[PDB]
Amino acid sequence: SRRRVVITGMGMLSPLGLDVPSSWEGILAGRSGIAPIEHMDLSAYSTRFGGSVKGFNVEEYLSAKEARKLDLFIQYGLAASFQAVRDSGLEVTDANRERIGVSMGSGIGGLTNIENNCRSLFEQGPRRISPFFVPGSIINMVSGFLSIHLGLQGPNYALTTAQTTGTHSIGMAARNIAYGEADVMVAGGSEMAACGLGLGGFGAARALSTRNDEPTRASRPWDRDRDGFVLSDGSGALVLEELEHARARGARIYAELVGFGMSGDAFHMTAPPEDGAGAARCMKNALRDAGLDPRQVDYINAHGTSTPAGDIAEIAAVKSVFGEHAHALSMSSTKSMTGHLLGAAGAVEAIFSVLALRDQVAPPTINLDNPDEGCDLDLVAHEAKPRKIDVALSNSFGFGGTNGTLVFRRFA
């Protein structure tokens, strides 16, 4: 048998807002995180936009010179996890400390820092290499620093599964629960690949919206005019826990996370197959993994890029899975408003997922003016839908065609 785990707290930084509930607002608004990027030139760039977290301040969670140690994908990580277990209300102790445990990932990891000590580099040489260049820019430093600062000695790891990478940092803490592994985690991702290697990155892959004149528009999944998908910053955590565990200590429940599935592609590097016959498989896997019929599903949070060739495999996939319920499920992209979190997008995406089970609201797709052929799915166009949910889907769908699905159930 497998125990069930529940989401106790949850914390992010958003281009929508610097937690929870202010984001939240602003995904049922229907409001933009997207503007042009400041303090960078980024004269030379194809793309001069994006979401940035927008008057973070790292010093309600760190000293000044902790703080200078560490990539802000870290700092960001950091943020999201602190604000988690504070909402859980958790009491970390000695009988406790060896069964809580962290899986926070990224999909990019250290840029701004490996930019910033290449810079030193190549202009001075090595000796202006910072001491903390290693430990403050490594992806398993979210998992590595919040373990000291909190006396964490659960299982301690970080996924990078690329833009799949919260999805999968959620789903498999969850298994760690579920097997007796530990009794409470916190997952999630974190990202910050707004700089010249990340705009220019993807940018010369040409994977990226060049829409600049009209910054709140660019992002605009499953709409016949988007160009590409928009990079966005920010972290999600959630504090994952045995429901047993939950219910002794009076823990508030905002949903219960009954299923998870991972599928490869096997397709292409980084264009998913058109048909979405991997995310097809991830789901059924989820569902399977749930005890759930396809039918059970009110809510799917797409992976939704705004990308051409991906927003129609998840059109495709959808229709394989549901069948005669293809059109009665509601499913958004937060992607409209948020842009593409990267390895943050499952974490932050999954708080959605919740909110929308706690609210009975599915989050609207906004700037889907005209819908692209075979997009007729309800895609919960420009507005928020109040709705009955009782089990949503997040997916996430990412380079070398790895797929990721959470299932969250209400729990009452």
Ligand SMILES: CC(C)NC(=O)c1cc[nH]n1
Given for the second form:
2 protein chains.
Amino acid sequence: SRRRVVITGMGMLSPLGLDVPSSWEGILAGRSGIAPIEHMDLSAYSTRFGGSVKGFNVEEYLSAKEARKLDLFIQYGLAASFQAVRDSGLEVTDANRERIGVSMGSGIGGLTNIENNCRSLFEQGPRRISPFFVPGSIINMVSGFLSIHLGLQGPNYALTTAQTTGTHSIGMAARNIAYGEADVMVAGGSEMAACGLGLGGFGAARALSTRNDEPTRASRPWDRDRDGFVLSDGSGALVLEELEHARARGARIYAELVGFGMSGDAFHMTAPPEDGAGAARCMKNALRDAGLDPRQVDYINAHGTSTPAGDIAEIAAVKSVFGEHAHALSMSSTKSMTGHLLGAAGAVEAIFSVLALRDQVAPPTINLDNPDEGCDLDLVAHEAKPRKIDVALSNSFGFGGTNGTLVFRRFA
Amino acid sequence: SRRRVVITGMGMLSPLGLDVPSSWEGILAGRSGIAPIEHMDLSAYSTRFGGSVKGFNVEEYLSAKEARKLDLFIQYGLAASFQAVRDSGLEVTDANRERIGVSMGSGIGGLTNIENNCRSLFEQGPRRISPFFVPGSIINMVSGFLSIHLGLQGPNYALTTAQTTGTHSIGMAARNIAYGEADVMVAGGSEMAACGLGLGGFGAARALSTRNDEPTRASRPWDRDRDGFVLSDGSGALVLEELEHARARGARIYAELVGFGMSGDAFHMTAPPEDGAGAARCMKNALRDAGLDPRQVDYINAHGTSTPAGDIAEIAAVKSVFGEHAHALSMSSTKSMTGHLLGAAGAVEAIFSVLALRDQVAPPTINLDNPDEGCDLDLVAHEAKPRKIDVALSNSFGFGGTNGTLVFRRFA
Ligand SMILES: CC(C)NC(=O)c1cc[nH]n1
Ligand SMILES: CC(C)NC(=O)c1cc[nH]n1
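Next up, the form solved in complex with the ligand in place of the form deposited without the ligand?
Complete assembly follows, chain above in first position.
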């Protein structure tokens, strides 16, 4: 019968920092992680900026020998997983290794590595493809490599649900524990899609902000002058743990994961319905799953991508789910500062949602200079807002019309 | 407690045929789907053959315009999904669409699309990349497009667990129904990695058979002369349905899904442990999940990839799990005929496992001319074997040491 699930460990790379604390200081201070991209020549691209992980040192985590075999998205996912597991204090043993699994996901996976090997194939021939091309590129190898390094023999898998990946990964890892398939899961996601194919592909769809002359002002969720999302890189990992297992070992508990919702829009490959009907169904699933009155919700970490259609669909969903209480809760998009980490978006934002509960503060939506038509909720414009937060909700929406909601609350 | 899950519809593209009954007919006749790959210059490649889908007409499923937007792996997934829903006779309504979801996965995803867009990018620059590049290439677009086409609003997600994807997708979909998160799921996997990157990538790891002179003899699981797996394309989809929901509408029930096991080897990125310790844990997990004794298992659809270490690990794992029953069960690799569909291997092999139950026949392991050291089990060499099958197992073991086992039982 269904067991309770708590957060005992968290880990992160983001455009704001190489761990959770540094990233969170940037969030509360309203700092942008967005800058012109330096790792490649983007002069032929319509977008030349994004949220890069600055100063990442893989040799804090892995031998340069192993690191060389792995796409940056895998390196990013391992760094976050390693932080989270260390932050948990949990020791892996023969007694518990079978009860500890991993679900670290990615939207796109090893596009950089696949691009570079594609260049080798075309310019030179097949004999120049890396022997590590497959194991070093495919999405399941964050889970695989983490399991190999730490000796985790529990459920081992990976989701790929586009910009929903991080939220789905965390939610389904909670269900693993809830239903007794595991007692501990490392769950979240990682993304590094800032290669020619990534920036070019989102560019070809005209989905990206082209504000190249003011990158820190580009991500402006619900602002009338928004012109698409800002592509960002990194990773979020959480240690999910059955409550009694956590209590037994005297774990520090950040918060409890009480609710998880999924829905499909069944609307469009890439566009949300204007009314946010699928997002509404998802949040209602998650709130019923948590046994909550919707009026208990204090803070929503929005998907808030800074696209015209996405941002307004989200307001519509929140107003429909929460009615008059829509005017009392605080909703913000930390994508205003981090940009959009795609498959890792739900993972870092799940961590921001927990830290909102720990510190009792709503992170700001920066750059919200002129809220758009109907964007008249508390969106925590410009500055972090100290306030009572017992229940925090984190929304993700993706291509395919795939929706995820996580519900966290304070644990005493 | 837990609801019961039955299979009411199945769909497939394989190297043996463009649907289930044509594929199954090839399986029971010991026909190979393996041949030199056409319309592709493989001169510089160490492997020149594989299992291609022959004569696929996407316009039986999609308009030419909608098909142009999607990678072959997505077209194949949609084909199997539409076949499976049609085969189930399910009628989607406003009263049930929120209870019907999709989990169709891929191991490798849109390599063919990535390859063709790399060609444009390198030669001409980013502005020649297709606008549909991203949504037409990401793994969750089979679930996405299927949900949009049929109006499915239930759980919408995609697994990517390398060669374990199909097994994990079906297993976790069965969980959704068992624990009341959905009443129906479409689950399975699709793959098309017979591009330069798939043949080249696997080729660079020397993981592939190079028997270019005799492509039909290349896949020879447990034969002393095997020299690696054969890369194959296609898809499997199953309609999973709660038992009472299936009985109420008078659905035709092929079989019951009674058990699902997961484990991680936590051993190596590409290599199984010699004793198959992880595959043994996963099979034990699956049997415990089913409430079944190892003695009650009659038929195993092996992973049986035709790799040196993989084949021998699976013999050890079966001997370990099944003790004095290990010789009484029949175990075959249908990969001897189909080759290895990677992420779709588990989907098509779940369907073959279900059909073994319907038809009371163990599919052959063809090319098993000289069993290797220790390969002394009933591996159904050369020809199909009619026999009593009440309980059938399907195993998948994948890169990162991720393992899946499905347990199916006759339903009467
Ligand atoms: C990512 C796209 C497909 N969807 C949204 O932005 C969205 C916002 C509210 N509901 N859905
Ligand atoms: C695909 C690799 C990682 N593993 C196997 O083939 C295998 C065989 C027995 N256990 N695992």
